[PDB]
Structures are given as structure tokens and as C-alpha cells.
Amino acid sequence: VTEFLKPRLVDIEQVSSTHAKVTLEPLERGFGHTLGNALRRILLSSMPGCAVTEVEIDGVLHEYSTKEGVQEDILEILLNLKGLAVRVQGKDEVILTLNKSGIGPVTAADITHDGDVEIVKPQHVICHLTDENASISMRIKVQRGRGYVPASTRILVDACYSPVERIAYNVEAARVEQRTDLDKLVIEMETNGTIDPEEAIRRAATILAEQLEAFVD
Amino acid sequence: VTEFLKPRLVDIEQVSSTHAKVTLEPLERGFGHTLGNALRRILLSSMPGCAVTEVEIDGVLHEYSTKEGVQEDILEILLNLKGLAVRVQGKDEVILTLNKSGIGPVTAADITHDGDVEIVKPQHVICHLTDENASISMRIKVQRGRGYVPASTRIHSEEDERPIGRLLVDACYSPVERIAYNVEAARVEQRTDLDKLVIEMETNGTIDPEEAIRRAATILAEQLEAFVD
Amino acid sequence: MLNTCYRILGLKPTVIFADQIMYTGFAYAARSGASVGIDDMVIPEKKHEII
Amino acid sequence: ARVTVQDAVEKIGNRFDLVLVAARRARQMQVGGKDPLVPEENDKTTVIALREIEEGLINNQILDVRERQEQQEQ
Amino acid sequence: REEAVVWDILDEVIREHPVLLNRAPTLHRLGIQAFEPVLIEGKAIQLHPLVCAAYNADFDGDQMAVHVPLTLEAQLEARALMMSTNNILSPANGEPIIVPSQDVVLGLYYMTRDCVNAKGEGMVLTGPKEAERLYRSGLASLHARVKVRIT
Amino acid sequence: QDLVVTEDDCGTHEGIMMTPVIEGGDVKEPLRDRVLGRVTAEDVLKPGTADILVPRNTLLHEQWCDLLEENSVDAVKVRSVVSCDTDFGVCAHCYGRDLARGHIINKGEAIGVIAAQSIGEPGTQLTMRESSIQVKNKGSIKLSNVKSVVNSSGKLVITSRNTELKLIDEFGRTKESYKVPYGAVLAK
Amino acid sequence: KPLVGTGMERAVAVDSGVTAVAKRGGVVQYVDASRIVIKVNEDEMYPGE
Amino acid sequence: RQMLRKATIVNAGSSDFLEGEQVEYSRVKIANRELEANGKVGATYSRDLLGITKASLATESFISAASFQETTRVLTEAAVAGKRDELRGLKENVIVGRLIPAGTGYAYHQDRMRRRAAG
Amino acid sequence: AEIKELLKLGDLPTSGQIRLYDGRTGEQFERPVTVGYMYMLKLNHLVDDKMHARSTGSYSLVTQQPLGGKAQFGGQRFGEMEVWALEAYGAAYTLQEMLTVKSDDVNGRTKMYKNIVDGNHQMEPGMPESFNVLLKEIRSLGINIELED
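Residue numbers (the authors' numbering), protein chains in the order written: chain A, 5 to 159, 172 to 233; chain B, 5 to 233; chain C, 604 to 654; chain D, 2 to 75; chain E, 403 to 553; chain F, 805 to 933, 947 to 1005; chain G, 697 to 745; chain H, 1258 to 1376; chain I, 1193 to 1341.
Any given hint might turn out to be false.
Among chain B residues calculated to face chain A with C-beta under 8 angstroms, some are [said to hold, decoys possible]:
# : residue
1 : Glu-32
2 : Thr-38
3 : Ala-42
4 : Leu-43
5 : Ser-50
6 : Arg-158
7 : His-160
Once the Cα atoms are required to be at most 20 angstroms apart in a straight line, the calculated SDA-like pairs of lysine to any residue come out as [unchecked claim]:
#  : chain 1 : residue 1 : chain 2 : residue 2
8  : E       : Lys-549   : A       : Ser-69
9  : F       : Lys-911   : D       : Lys-45
10 : D       : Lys-45    : I       : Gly-1267
11 : A       : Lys-95    : A       : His-117
12 : B       : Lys-200   : A       : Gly-151
13 : H       : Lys-1263  : F       : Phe-892
14 : C       : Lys-615   : E       : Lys-549
15 : E       : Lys-445   : I       : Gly-1267
16 : H       : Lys-1348  : F       : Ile-915
17 : A       : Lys-10    : B       : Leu-48
These are computed hints drawn from the structure, not numbers from a lab.
From the three backbone atoms N, C-alpha and C, an ideal C-beta is built for every residue, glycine too.
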């Protein structure tokens, strides 16, 4: 009458740290499918996290600038900065600046390693190699927010608060004893990193269960 | 969370004895639709209500034969009664019994309505007897259930049972079977503009609407957490 | 595109692409909708003189 | 299950002798006395034999050599 | 008695056992194909809209033929030769048979189409979240001139 | 019921000449597809003299088509059926691939078995139902052995009823024949 | 009745000879679900009937 | 290519003074006779093509060319021939059910031929 | 035009198009569509009526094959066009089985059942058993030049 089943088999197979797929056990009808829809809509349209937003480099502020030997235009450097989920432990958005030699190999560790400012992949290029040896200040900022917000209206490069890259859900069929009407759920994804899959699933389930105590009261 | 502003239900309206409209305080976008979806699912499909499982009459067997005077036959009576619904207590497997003598209109007053068998819509078109010598007495077992099913399912459980005369009856069992979840952007002024959700739920009397809201959202939390593993 | 793919890639990627294509096509078709009605056909009135 | 069969075709080429080799291998694998050199994944002898052939370990020569060696060792 | 073990055995045996399905009126070699059966709780077999043309029918009423390769060689031949996963091009003229003629193409076209310029037509991006915006808000396919770095 | 794959090659220089189908107004069928799945004889030579285009036994995988198109070559003597010096079945050097076999036809095959139906395939067919001369574009005459005799006017009358032109614009590619009878007078 | 009509259905059912027609009747008195008794008015009640 | 067979001839060429002989049969005879033994054994042949119904009558397997449209006359004819179908066509190997010399059966038949090689 | 006026009078769009909310993911679908209530009816041919299966049923009186004006174990026999096409596949084993299992002579039926139960999945070419019977014929074996090799 009211004994409600749930997806018990939560076995997840990960191709790498950036490729994985989790599955749900055969549950009640309409729960795997609608639940998968809700979960994907959640992990996309709202995801808790912190990352870079924009930078303040020395020179002209126009996007149509010259490489001037940097061989890295403003778009190249800004993109190589923005997709890095630059993280601050408990503080608000943290500003960092950098200045180094002209090796050319641009990575993510040359920034001033602050108490709270950190990067998951220290080899993440933030710029393209140059043809000279001058120095300059990056002066970028890493912010934390709710879900994700664009940079076209929230100027300036990109603010990747939601750490989700590509998500999909599929529904399979499973029987119990004679009836196969078990529309089981599974979700497959590829990502950038730093969010453990079971941990992220736990965070989502926790937000959902902690808020769903009111409409039922 | 981050100033999650967990809301609460407010101004839940009940227009009639067979529906209700619940308003709620505002919440976020990109979730209110999904939450309303899950709520409607858990309230309508896995819905603890009451329906009719067995039928019987001493003169009327499984065959669709019109009762003396009664214009409708056995299948036809089943249809005409199906347009209504009946009540059982917290205990299921209640029984209502529609019995009437004369030639006047057939309605639910002359039917077994008890403290654990309750009637709200008591004047259905129930194929009134037309012959004076007729006196109709059909008994419908009204039990409690959750999900749609046919009558051949009970063949195995009632094989030496369901003998010549006992009618086994099926149902579609979605004791809500209608609940609308609407997410709009309102009820938020001081903080971020937020989405408030309205539930236009409706039953045939089997269960209470706010009760269905609580049951559905409890299931929402339950299956919501299950994603943790 | 399919022919070029079969020329360049091979059979297995071809099958994968075709299946994903059927799926994504159904997806977009359910996404746009794009109904049809009488007004979706608008008759020019010019022939009314020309004829 | 195996979706496409192309590697075994490239290992055979004739597209006809591949079926005969896979059959003469699966027959032995099903009747007994042999052991799958490829780690099985809860699959029947046909797909196992076919994947072992596509891997580059079973053909119309190694099988005959092994059969002759087993017959001479009696 | 039709126990669960019966169904489990049936599934396990079929899990390694594909079948062949074929059209009644017989014209082309494309009229018979081999597919990995999946059990169905229906009454009429569902065919992948892939070879719908290859069947030379149009979702109208027809019973199709079922074939089981009892010989091991029969299985080898069907999964090898009668494989639809093998039958790709129209072997008559060589033309690639596998061709979406149903609304799959319609969706493919509507995806790469834009009336004049929709909301956020001028938006410029990199790729990972275009569907994130389109599914929720920010841009549409009927948008034009959206810059995007392409890898 | 006779056709079967048994002979790998013909070994016979005998072959057939294939040219683009310049039918009606222009090339009803370019000679870029008619033999792509064909292997020719030693006839492969580049349009330049003492320049070869391809070897004796060669299958135009994909680039010999483009290379020959670079030469504007329209016809070639190629291996084919019947001429397959096999007298039972044919050369596999005279059968091709013509199906998903991206490789040449395998032995023991019966192409005619695959045939005998492809003709019968589209039964959706239908049954039961020298003065006006215009040129397509720039081109040459190519009267193709048309007998010229003294005419009443200042030209050469066609003493042969088998007088057929051919439009050569810039290379061997032709546009139209526009054959005219013996009663035609060369207006150009 | 399907909502959209052409007007031919009622007349066709009349000519279908499958429904029940009332021949020279005035008032239906006793209706059983199998027996229909109609009291034909004396104007429609012929003498001797 | 099928549309012609059973070629017409003029010169016996030490081969035979007949007409309508298989062009391939004549060619094989000439190759095995002219180059091998007697080049002067040179029989002139005129190849021809005809209608589908007629050349339908022309077949090697006496079992074949019998069921085609009728066999009773063909029965008389083959009996006079006392000929052997010799397991000629693939449809013949089907009639016997034998490895139709196609696909795995071909090589199988060829393996049979291999078995038929030494005996 | 009267329809559009009625839709206005019926508090409905004159074009009739209207947006929709998805039943699976609930995303607003662009391009508002028109809907209505169309008349539907079912066909006399029934799916249950169509459904049929048989792998081993009852044979009829002529030629040991299954039949006899009974809708039991019904099974369309193979097609001559179908047989030609099946040969075109070159599945000589499969075709040899269809002509070696799929019909009437239950004589090797026992062998087939025993092999399948053993999982042997094996058959013997033998003779068209019926052409062995046609030898029984042979003008009463009058024609037996049969040089079996």
C-alpha cells in the first residue's frame, strides 16, 4: 500500500577520474525516470562550487588586443583561466597575481599559492607560450557561488561555480518475478574533476532531503 | 545550502469535498518543477486509497445479466457504480452493499455505508428497479489499494475461491490520479527572487489532500536520499 | 556525411554515430515540436486574378 | 555482446575461413578438454572464441599445430 | 508452471542467442536480418527504426518471420553474414543503405537552423555548456551567429 | 543459378572499353563511377605520351579515379565478366567488390546469385505508358569520319549519312554528338 | 457520439433497421430493461386493439 | 553473359560435326586438343544468344532443366540421354541438400573435393 | 473563418496553437502547437488475433506436414522468393537446415531433438529423404544409374 522501493544497486563504473557512469537498481515505476530527470536538472541548473570569474591584466582593456609576441590572445588566456575550478577553502572570492620568466610552458602552479587559493590540476595551462621574456601580472579572481552565472552580464571571462561538464541519464528495464516493468535509472557523465561521484551524489541527496522536510512538514 | 530558505505550505485551499489547492512559500528555480513532478508522482500513483475488489449477488453471478427491474446489467452496474467511489477506514477490505426495494430512483442511501464504509455522493444513476416485485441487493467489497491492475490477477489466489457466484473485481488504483504542480516566480522580496509551488490535487474521496502532500513529499525525501550510495 | 564517414573511419564508429543520430534526432524532434495547421498553408490570392 | 566483427576479419581476410576456424574452436571449447586463453566475461563459447581469434592468438595454423602436438604426445 | 527460474534460464540462453527476423513479401536481400533479441512484454515485435526501409514496409500490419540458428554453424553464419551490424550499404548498387529517412533528419536540420537571430544570438562560447543554456535558458538553435571555439 | 566465384584472375588481355555516358544533351553518366569498383588491363596510361597512369592489374581504390579525372580520360579497356579467361565463373580479377566487401569478392561467392534480383528489384516501375540544331557551349566539330563532297553552296556536303559531331571544349570531355544525316550541310 | 458530425448518422441509424422504432405509439408506460410497454393513445390506438 | 551459351559451329575441326555446343565446352576442347595434341584439329564455332525460356531448356544437371516448366518430356529426354546431373548446380546440391558450393559449403565441398582428391 | 470566430467565442486561439509542458522533463516546448479531440476507432484485425507461434505442432494427412483446416500451431511455410533470397545469402548451412529441419518428415525429428537435448546441434546430410523415396520410385528403381560417389 505505501511500502515504497528505492534504487538500491548504486554500482558505478568510472572510466577515469573524468569519465564514469552510475546505475540505479530496479525500483518502482516512474521513480527511476522522473528521478533521473530531476537529478540531472539539479546537477546542471544548480551546483555548489567555486572557480575563477575574471582577471585584470596590464594593458588595454579591449578584447580585440594584440598578442604582441605572447602568442596567447586575451580569449586564450581567459579561457585557460576560467575552466579551472580555482578553489578557496572558507573565504570569499580570492584574488591572485602572477609573474614569472619566459619559459613558455604555462601551467596552473605559478600563481601565488595562497592559504586558501588552490587548483586541482597544477599543470592546467593559463596562457600560450610566447616569443620573448617580459613579465606581467595576471591578477585574476576565484569566486564561489550558487549554481552557475554567466560572464556576459556578470562582467567578465567566465564563472564556473557549477562543476558539471556533460551529463546524461538512461532508463533500463528489469523484472522482479514475472513483471518486467522496472524502469531503472542510470546516469553517465564526463567532467573536469574535484567532486567525488559518491560525495557529489551525497551532497545532492542531502540538499534535496533537507529541503523536502517542509512541504510534507 | 547557503541561505536555502526552506519554505512551508501556506493557504492550502479546499474548494470541494473531492479536491484541494495548496499554495506554498517560494523556492528556487531549476528545482521546483522537478520537486512538483516527484510530488505528483508519489501522490497519484503510489496512492493509498479505496476501490472495489469483489462483487456478488445471490441471483446475479459473474455473467453480465440485468437484475430484476434494474435497467443496467452486471457489467453495466459495475460501470455505473464506477462513476463514484466508496470509503473504508484505516482498515481495508471493507464492504458496501447497495440494496433497495420499490421503483423509485436508485441512489446510495440504501447502500451499506458504515463508520468504516462511508458515502459522500449518494444519488448516482444506479439503474433503479422498474418491476415492483423486484428488490435489488448487490454487495461490493470495497478495499484499499495503491496501483492499477486487472481482474485475472486474482485468479491464482481465488481458484478454489471465486466459485460460481463470487465476482472478482479489478481497478486502476491511483487514489490521487490528478494533481497539478505549478512553479512560478513569486513570494520572494528580500532575498533572491524565488519560485512558489501550487498543488491542485484531487481525489474521489478516498484520502485527504494535505495528507497526500505529506505522503508524497516524504517519499520524495526518501528516494531523494537514496542517490547517496 | 554518412558516406564520407564510412569512407574515412570504419564500421563500428559508423554504427555508433548512426544510433546516436537516431536518438538525438528523436530528442530534437520532441524538443521543437513544430505543429501544422490550416494557416501553416497560406494560399497566395494572385491566381484569383491571373486564372 | 559483440557488436561488430572486424578485427577477426582483418586477422583472416578471406571472410569465409574465419567462420570455419571459429566453429572448430567453439566446438572444442564446448565439448571440453580445452581452456579459454582469453579471460571470459560470462559469455558463451562463440563470442569467446571469436574475441580470442580477433586478438591474434587463434587461427588456422596454431590450432593445427596444437592438435598435432596433442596427438603425438599420446 | 512458468517459474522465475524458467524466465531466468530463457533470458540467460537468449543472452547468448540472437535470432533472425524477416519480411513476408520478399524482394531484396535486406528482407532478412539478424539481431540480438531482447525480451518484450508486448504482442508484436519492435524493429529498430534503422532498417525500417530495409524491411520494405512502413509500420503497417505485417507478421514477420522468426529464425533460430540451431546449428552452431547456423549461428556463426547468421551473426557473421546475416548480421545487420554487418549489412551497411545497399549491396545492389553499393549505396550506403543505413540512412535516416524519418524525422531523425528533420531534427538534424532543425538543429542547424535559425530564423534570423533568436534570444542571445550574439552569445559567444566554448562548448561544454551550450546544452546547459539551451535546455534551461540563454540560447536556442533558432539563434544565429553564436561564436564558438571548435576543437 | 550458374554464377560462382572460382577464378582469381583472368590472365587475359581481353577486356571491354568503358566511356562516360554522354547521352542526349550531355554526359548522362560521368565515367567516374562506372568502373571505380573495376580493375583494368594494361590500358592504364597517362594522357601524355610515354606517360603511364596506372599498371596492368590495378583496382582504383579511390585515388586512381581522381588521378584519371586529372587526365580527362573518359574511356579505358578494363577487365570485366565473360572476358574473364575462366570459362566457368570468372576472374576475381573480373568480378569486383560491388558490395560491403571493401575487399574484392571472396572466392566461392556467386555474384549472379546476388544478381538475378537486383534487376528484379524495383518492380515499382511503369509499363503501359537535322534542322533544329543548337550547341551547348564552346566546342569542336569532331565529325567522326563524315564523308565530305562538293556541295551547291560554299561548304562540304555530308556524303555519308553517318555524320556525327562531338563537342570538344578544352579537353577530351565531350558535350553532345548532334549527328546529322547525309543531307546536312556544314553551316560551321 | 463522436463530437464532429455530418448530419447523416441519425437518419442512417433510422434506416439501419438495428435500433428500435415506435410505431403508432403515444406514451410508454411499463419499461423493463427487456420489455417496453407503450400505452398507445386512442387516436393511435386502433379499435379492436 | 548468361544470356548466351551452347554456341553454334560450322567446322568439325576433328572435334564434332554438330551445332549448339557450349562455347566454353568447345573452347576447352580446342585448348586441350589444339595446343596439347592437334592444332590442326580446329573446329569453327559461331557463338549466339537467345531467349530466356529456351536457354532455360539448356542445362547440365538432368535433374535440373526438368522441374523448370515441365519434365515428363524432359524425363523421356534425359532417360534417352541416360545422363547424370553429376551434382552440377548449387540448386542441385540443394536438391540433394549437399554443400551448395557456396560459402562454407563450397570449401566444405572443396574439402569434400579434398576428400575426393585422394579418395 | 467561422471556425476561428468560434474559437474566439469558445475562448480558444483562432489559430488554435498553444504551448505545452513536457511530461518527462517539464521543459517548455517552443513553437506552440494546436491540439483538439480527433475521432478514433479500432480495426477488426486484432493483435491477439494476429499473434501465433509454433515450433513443433501436429501434422496433417497429406505429405506428413502440419495442417488440416485447424488454427493450431499455424506457421506460414517458407517462400519460393524467400528461398531464392535465402540461397542468395549463401547460408548453405542455414538453408540446408531449413530444408533439413523445417517441414514434415518427423523421421529425423527424433535425431534433432536428441541432438538438441544433448546440445549436439548436429544434422546428417543423408538424402532428400523424399528423393530417397523418389529412388523408391525410379520407375520402381528402373532408373538407378545413380553413381553415388
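Tested hints:
{"no.": "1", "hint": "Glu-32", "verdict": "holds, 7 angstroms"}
{"no.": "2", "hint": "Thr-38", "verdict": "holds, 4 angstroms"}
{"no.": "3", "hint": "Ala-42", "verdict": "holds, 6 angstroms"}
{"no.": "4", "hint": "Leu-43", "verdict": "holds, 7 angstroms"}
{"no.": "5", "hint": "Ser-50", "verdict": "holds, 6 angstroms"}
{"no.": "6", "hint": "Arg-158", "verdict": "violated, 15 angstroms"}
{"no.": "7", "hint": "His-160", "verdict": "violated, 11 angstroms"}
{"no.": "8", "hint": "E:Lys-549 with A:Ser-69", "verdict": "holds, 17 angstroms"}
{"no.": "9", "hint": "F:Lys-911 with D:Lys-45", "verdict": "violated, 30 angstroms"}
{"no.": "10", "hint": "D:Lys-45 with I:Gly-1267", "verdict": "violated, 30 angstroms"}
{"no.": "11", "hint": "A:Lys-95 with A:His-117", "verdict": "holds, 15 angstroms"}
{"no.": "12", "hint": "B:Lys-200 with A:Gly-151", "verdict": "holds, 19 angstroms"}
{"no.": "13", "hint": "H:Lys-1263 with F:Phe-892", "verdict": "holds, 13 angstroms"}
{"no.": "14", "hint": "C:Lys-615 with E:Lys-549", "verdict": "violated, 32 angstroms"}
{"no.": "15", "hint": "E:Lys-445 with I:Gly-1267", "verdict": "holds, 17 angstroms"}
{"no.": "16", "hint": "H:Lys-1348 with F:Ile-915", "verdict": "holds, 15 angstroms"}
{"no.": "17", "hint": "A:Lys-10 with B:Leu-48", "verdict": "holds, 17 angstroms"}
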